[PDB]
Each structure stands twice: as C-alpha cells, then as structure tokens.
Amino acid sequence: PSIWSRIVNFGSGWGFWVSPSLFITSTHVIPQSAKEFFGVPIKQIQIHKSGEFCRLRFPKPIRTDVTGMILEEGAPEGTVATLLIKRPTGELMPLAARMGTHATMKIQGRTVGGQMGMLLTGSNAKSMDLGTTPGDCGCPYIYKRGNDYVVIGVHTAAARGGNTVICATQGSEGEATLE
C-alpha cells in the first residue's frame, strides 16, 4: 500500500499511522473533549503528550494493512527531510526541508519546541503549493535511510515568513550527568 494512506484526518489537522497500533499527531489538533478515537474508548488508549508531540497506542491493532515503521527522534543536522502534506482539496505535496538544530520558537503568546528546518522553496514558501499552512499540522516528516523510510516527527508550526518550520519530536535531549 501507499505511504500516503497512513496520513489521515484527525481533529482539526492530520495524523500518521506508524504501525497497526501506533498513531502520532500534533497536540494542538486533537479534539479538546472527545469520547472515542477510531471506535476505541479514550480510557483504553495509551496516550502520551510530550510537548507538541502526541502518540496513541491502542490495545488491539487498528490499521492491519500497514507495517511497522521506524520512529527516530529528529534527523542529523543537514539532512534534507520531506514533509508529506495532504490538503482537503485532494493534493499531495512532498516539500523538502533541510533540518537544523533543535530550538524553541515564540509563536502566539507561547513557545513551541522541536527541530528547526528550512524549506528548499525559499521565499516562495508564501505560495500555496510551495509552503505550509496551519491546517497541515500533524503531517509527518520523513527521510530515506538506505532503502527504508524513517519518520522523525510531525509538523507543528512555521515562522512568519513561512520558510522556517518546526518539527515536533518525541522529546528534547538534555546532556548527561555522569556518576
């Protein structure tokens, strides 16, 4: 099956099926108060919210047609990852983005954390087919390792110019404390 089949509507945004039981999305697109997800009661779902990242594990497999997939935390700096954007009009937009350091961004009255990236379309990211839109939150960032696909996070925010984007990852890594 196609990889785009793993990207489904969820709340006000999108979500990605990493496996028949694992489903990742952005936190600010989840329904604020719901009773069930994909026919499963909320109490029977293992839900982990780490910053803007959100993961859902189900007690029984849901999407039995997809296979397991690698979910790393970010990508090496300089990697040209791909954001897979789905629009409600039916279009599929693979947008390339060079990934940089992890960072926080001041947006609205708050701050949003994740790995920073810059789209390769440059200033042309103001166009609708060359950049992101707030409705694309939850769409996945992936890149190819060998002959396999690796998802590193989901779209959560973009800067005022639209060129710089933020990828929500499983969590930030602090430096160790030895002995």
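Only residues modelled in both forms are compared. Numbering follows the first chain given and starts at 1. Superpose the two forms; the largest set of C-alphas matching within 1.5 Å is the rigid core. Compared with the form deposited in another entry:
Taking the core as reference between these two forms, the lone member of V150, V112, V66, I62 whose Cα moves by 2 Å or more is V112. Comparing the forms between these two forms on their rigid core, the Cα displacement of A96 stays under 2 Å.
103-113 is the only run of at least 3 consecutive shared residues whose C-alphas each shift by 2 Å or more between these two forms once the core is superposed.
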Contents of the next structure:
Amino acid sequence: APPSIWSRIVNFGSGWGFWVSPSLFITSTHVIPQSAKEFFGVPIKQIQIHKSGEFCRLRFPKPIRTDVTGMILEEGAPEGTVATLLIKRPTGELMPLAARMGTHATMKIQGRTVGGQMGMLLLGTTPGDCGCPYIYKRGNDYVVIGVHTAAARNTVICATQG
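Since the structure above is the form deposited in one PDB entry, I would like to see how the form deposited in another entry looks, so please show that one next.
Chain alone follows, minus partners and molecules.
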C-alpha cells in the first residue's frame, strides 16, 4: 500500500483508527477513549459518533484530512477475498497481514455483541492492534471493509458497519 494509505492510520486511545475520507474516521468501539473531551482538537459534542456493535464511525464537523480522497467503505468483503489487515505498531513499524475473509456473523465476544466478518491469517495480531483497517483491491479501487476487533490462536474478527 502507498504512503497515502498508511498515513490514514492513526493511533487512537488504546488502538488505532482510519481516515476513510477527509471528515470520516472509523475505529473499533472498545478502543475509543472514555472521558475524552476532544478528538483531533474537536470538542466531542461537535462530532457525530455512530456505533454499530464494535464498528464506530466518527464524522467531524469540518474536514480534518483534506489531503485524502474518499475511499469506498463496504460491509465486509465477498467470502474468500484475501484482504490486507494494515497493522501499525507504536514503534512505527508497518505490519500488513494477509487474511482470507470468511463468513459474516453477529456473535458475543467477552459479553459484547460484535457484528462483523471472520478471517483467517495466512507475526500475528496483539492487544494494541484493534481499530486497524481491513482493505482489499477491487480492480483499480481500494475498498475498506471494517476494523480489527478480536483474534484467537488463526482467526481474526473484522467488525463491520450495520
């Protein structure tokens, strides 16, 4: 992925989030800092925050990332698609991970209702990785399909919009 794509991934609370477009930031719900007063310098009351299970959209009142184009956001990928989980680490290291996406489902994880799509990793994910995006290339378009929310020892769970 080009630097433009990686630059959309930004640390956010205990994990990460992803700029889909100049005004739209997505992340995993459980990652969002509680009792934060502002995100990216914007008071929280001015942000439109919509949670769909563990998929969270934050829509800012003015464009924040005017440098980025709006990317296609879809609810998961067709079954069998090998997506890339774009992991950033706090050291700065980039760790793209290939994951074959499987069935869509809604299930409880540690008592929380999670709608998303499970994948299988093809050197793994760690507790600080949630909120990183799943993307794949469809023709000449990059498509973002969800955010990293959970993993087991090679199942990964991509939370998707409802």
